[PDB]
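Knowing the structure of chain A, use the given hints to seat chains B, C, D and E with the ligands on it.
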Amino acid sequence: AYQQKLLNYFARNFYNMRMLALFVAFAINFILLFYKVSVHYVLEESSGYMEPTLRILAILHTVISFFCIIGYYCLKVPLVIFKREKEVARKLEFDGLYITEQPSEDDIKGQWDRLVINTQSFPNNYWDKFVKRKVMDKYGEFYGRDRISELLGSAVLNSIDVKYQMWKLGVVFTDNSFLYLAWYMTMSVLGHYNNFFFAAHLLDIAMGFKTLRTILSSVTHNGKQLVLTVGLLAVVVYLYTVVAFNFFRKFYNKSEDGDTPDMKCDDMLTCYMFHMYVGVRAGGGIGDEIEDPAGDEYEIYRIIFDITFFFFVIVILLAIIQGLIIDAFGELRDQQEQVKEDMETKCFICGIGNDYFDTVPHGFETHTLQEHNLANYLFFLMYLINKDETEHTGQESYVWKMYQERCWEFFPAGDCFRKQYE
Amino acid sequence: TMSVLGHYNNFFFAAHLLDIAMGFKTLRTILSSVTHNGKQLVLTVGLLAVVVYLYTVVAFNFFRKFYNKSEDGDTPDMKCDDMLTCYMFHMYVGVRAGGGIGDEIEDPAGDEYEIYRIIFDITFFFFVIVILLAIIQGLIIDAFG
Amino acid sequence: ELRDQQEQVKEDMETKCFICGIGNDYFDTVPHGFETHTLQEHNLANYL
Amino acid sequence: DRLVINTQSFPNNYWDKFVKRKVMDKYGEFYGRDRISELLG
Amino acid sequence: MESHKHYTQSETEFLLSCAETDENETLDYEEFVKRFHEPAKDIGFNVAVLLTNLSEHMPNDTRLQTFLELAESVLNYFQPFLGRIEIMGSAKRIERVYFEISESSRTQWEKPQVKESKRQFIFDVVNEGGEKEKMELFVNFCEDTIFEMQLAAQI
Ligand SMILES: [Zn+2]
Ligand SMILES: [Zn+2]
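Chains as they are written, first to last, in the entry's author numbering: chain A, 4487 to 4524, 4558 to 4672, 4696 to 4964; chain B, 4728 to 4872; chain C, 4873 to 4920; chain D, 4632 to 4672; chain E, 4053 to 4207.
Take the hints with a grain of salt, since some may be wrong.
Below, a sample of chain E positions facing chain A; criterion: calculated Cβ distance under 8 Å [stated by the list, open to error]:
id: 1; residue: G4135
id: 2; residue: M4140
id: 3; residue: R4148
id: 4; residue: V4149
id: 5; residue: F4151
id: 6; residue: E4152
id: 7; residue: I4153
id: 8; residue: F4175
id: 9; residue: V4177
id: 10; residue: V4178
id: 11; residue: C4194
id: 12; residue: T4197
id: 13; residue: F4199
id: 14; residue: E4200
Derived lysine-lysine pairs resembling DSS-like cross-links, with alpha carbons at most 30 Å apart [stated by the list, open to error]:
id: 15; chain 1: A; residue 1: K4882; chain 2: B; residue 2: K4752
id: 16; chain 1: E; residue 1: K4093; chain 2: A; residue 2: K4929
id: 17; chain 1: A; residue 1: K4491; chain 2: E; residue 2: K4167
id: 18; chain 1: A; residue 1: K4657; chain 2: A; residue 2: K4929
id: 19; chain 1: A; residue 1: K4943; chain 2: A; residue 2: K4961
id: 20; chain 1: E; residue 1: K4184; chain 2: A; residue 2: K4766
id: 21; chain 1: E; residue 1: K4163; chain 2: A; residue 2: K4929
id: 22; chain 1: A; residue 1: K4602; chain 2: A; residue 2: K4710
id: 23; chain 1: B; residue 1: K4766; chain 2: E; residue 2: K4167
id: 24; chain 1: A; residue 1: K4651; chain 2: E; residue 2: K4184
id: 25; chain 1: A; residue 1: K4929; chain 2: E; residue 2: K4170
id: 26; chain 1: A; residue 1: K4888; chain 2: E; residue 2: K4186
Simulated from the structure, these hints should not be mistaken for laboratory data.
No residue lacks a Cβ here, since even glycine has one placed at the ideal position from N, Cα and C.
Just chain A, same shape as in the assembly:
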């Protein structure tokens, strides 16, 4: 219960130590700025604690990473496994997909959940042992009681459900957030071993103050098109290099003046990577590596060639990058403004408009705050599930039956008690 209480504490004190771990990462950045090439070491100022607090703060930061992954296990991991168990249980309810459908080789996320139905302790952290025996009752009269039996299946060592835990952690590993923080802890491990890569913990600034994160979202949602466009660019560089391999085998000399043993980019690779490294990090042209206009009539077309590079490369490059990034920003600002539209024009349950509901002294506002009052439907559902069905009203038992039915017409189609008479 000491350790139970401490897990409770790390649950209820979780984001604060996360931001403190970020502050310790800033302190890591504070030190990694006085290294000297001799092996390496640290210089000295009036503060006299470089190496001891170095080692101590490294071990401390790694321990805080351990604390946050244990707390994150104590945090949302049951919520995510709750969502998973809910989805699997209701898909055996409304489909019986492991009875009947047998889904494809895509989503062995889903077929991963086959071998947990093997466990007798399958539907644990979803409170809903109803679902197991209801699905047991619902189909095996059609398809087999043997099929029902198949879909059945200090000192505490083997009296715990092993395969449930295996399935559980396999679902846990699918999280991007969990793998993110676990990989972060292993980075703290490698810095505990070798504190050269130790300052690479500064992807902690990828999941704090959200505006940078929305900028990263503007990066990542479009990035398939970005990467394929850079691949198209590489195709252009490839063929464009190949053009200056057939007709052009003298205009490059890598050494000084050519008498020193110069190199024309004849080799495919060498010429490939040469055009890549030169012309991408160019600053417009290949006016550096080109032979200047000396008067050759081949060199006329070679200057035209450099012009075609300039035009069909630099324009294209800027079109690749900031057109797509500002396009991402336009869609991000559009999405946020449409969120602010729909929270102020038509509610989820209202769905009419702010034309009707402002007739009286701020009735649209109170209509939002009271008549659809989004969290109070949540509280109502709590109030149902907390009560017993004998205790229900006919209204309460009615909505309960509609909820069990998963039929959803009991919710308003949009019109309200203000709409009927007023």
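Relative to chain A, chains B, C, D and E with the ligands alone:
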């Protein structure tokens, strides 16, 4: 008080030309497009500085010969070994670069370390210049929108 | 203009059908009647 | 703005000396004529 | 108690003669009628729901208005505690059901991590997602949120 200091020392006296910050309003709306978003701008430049920090640190562990500050190296050159010196070197060079660090890099001589070093310069070019222009004019034109 | 054209395609497939052309104001009175109105009442390939 | 309610000449350039004695009247029957005297000065 | 400016003094003395008469003068506030006053709070809650629904179904009745303002302090107390929605209760007409909301669920709803999951969910239901079964996805979020506040209070 700026007029007072110019009355005392008329060197800073011409710094009164922030008077053009509160007249003809169109410039002031441009300054408004600057200032309302600027929290995101400053935090993004801080992110850029983090990238430069770690990216410098990468060329501190594996890369301790490709920079020589003097002429030809026989004159007493300096590899950017020091954390700070290498920090501010990458800042002042690569930010005011013009795309690449093709100046300070050793050219392709044929070393297989230098292959990855050229790939390193390419990663700088790509993950820096694209990001920079995305920082500045994407956000400023977003402000204008 | 490309993002405008694609978003207006996603508008008109979800607001006013080719044959409906009224809006999603009228047709959502019942349990998803606008959706079934699309899938059944104008059901584009079934005229074909 | 706490320590200007200490001043007897608090609500000056708002023409509305109403507000001082109305707030003096409105709450100190509940909470104290001495509280009214403190919010005077 | 009279320094709290609130009550009427004969009724304060009624509460005094009610109080405990516990052997010198001492009195525990919890053991007063308090512990039984929360079922009395439940009764007055139901009365408030009742008078509320009276006003809601049948408004504009000065008899009922006088009776309503007669019950002013109860509606002042219990509007933080009531629950109110609207549905179509199988009568093919727009109806409304008034009910209870406990407070500890609101204290774990006071947890703004739920509020930001909610606002991201707002973003989802507005744009990010196939508009398939809007309120059903909402109730999926609700069941998850129920489980979330179970986790939150159970710590
Ligand atoms: Zn509604
Ligand atoms: Zn039609």
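Checked hints:
1. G4135: holds, 6 Å
2. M4140: holds, 6 Å
3. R4148: holds, 6 Å
4. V4149: With Cβ-Cβ at 5 Å, under 8 Å, it holds.
5. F4151: Since the shortest Cβ distance to chain A is 6 Å, the answer is holds.
6. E4152: Since chain A brings a Cβ to about 6 Å from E4152 of chain E, closer than 8 Å, the hint holds.
7. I4153: holds, 5 Å
8. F4175: holds, 5 Å
9. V4177: Holds, because the Cβ-Cβ distance from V4177 of chain E to chain A comes to roughly 7 Å (cut-off 8 Å).
10. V4178: At 5 Å from the nearest chain A Cβ, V4178 of chain E passes the 8 Å test, so the hint holds.
11. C4194: holds, 5 Å
12. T4197: For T4197 of chain E, the interface hint holds, since the closest Cβ of chain A sits about 6 Å away, which is under 8 Å.
13. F4199: At 5 Å from the nearest chain A Cβ, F4199 of chain E passes the 8 Å test, so the hint holds.
14. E4200: holds, 6 Å
15. A:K4882 x B:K4752: holds, 29 Å
16. E:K4093 x A:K4929: holds, 18 Å
17. A:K4491 x E:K4167: Distance ~26 Å between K4491 of chain A and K4167 of chain E Cα, so the pair holds.
18. A:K4657 x A:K4929: holds, 26 Å
19. A:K4943 x A:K4961: holds, 26 Å
20. E:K4184 x A:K4766: Holds, at roughly 26 Å.
21. E:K4163 x A:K4929: Holds, at about 24 Å.
22. A:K4602 x A:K4710: holds, 12 Å
23. B:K4766 x E:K4167: holds, 24 Å
24. A:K4651 x E:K4184: holds, 27 Å
25. A:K4929 x E:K4170: OK: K4929 of chain A and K4170 of chain E at ~25 Å, within 30 Å.
26. A:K4888 x E:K4186: holds, 14 Å
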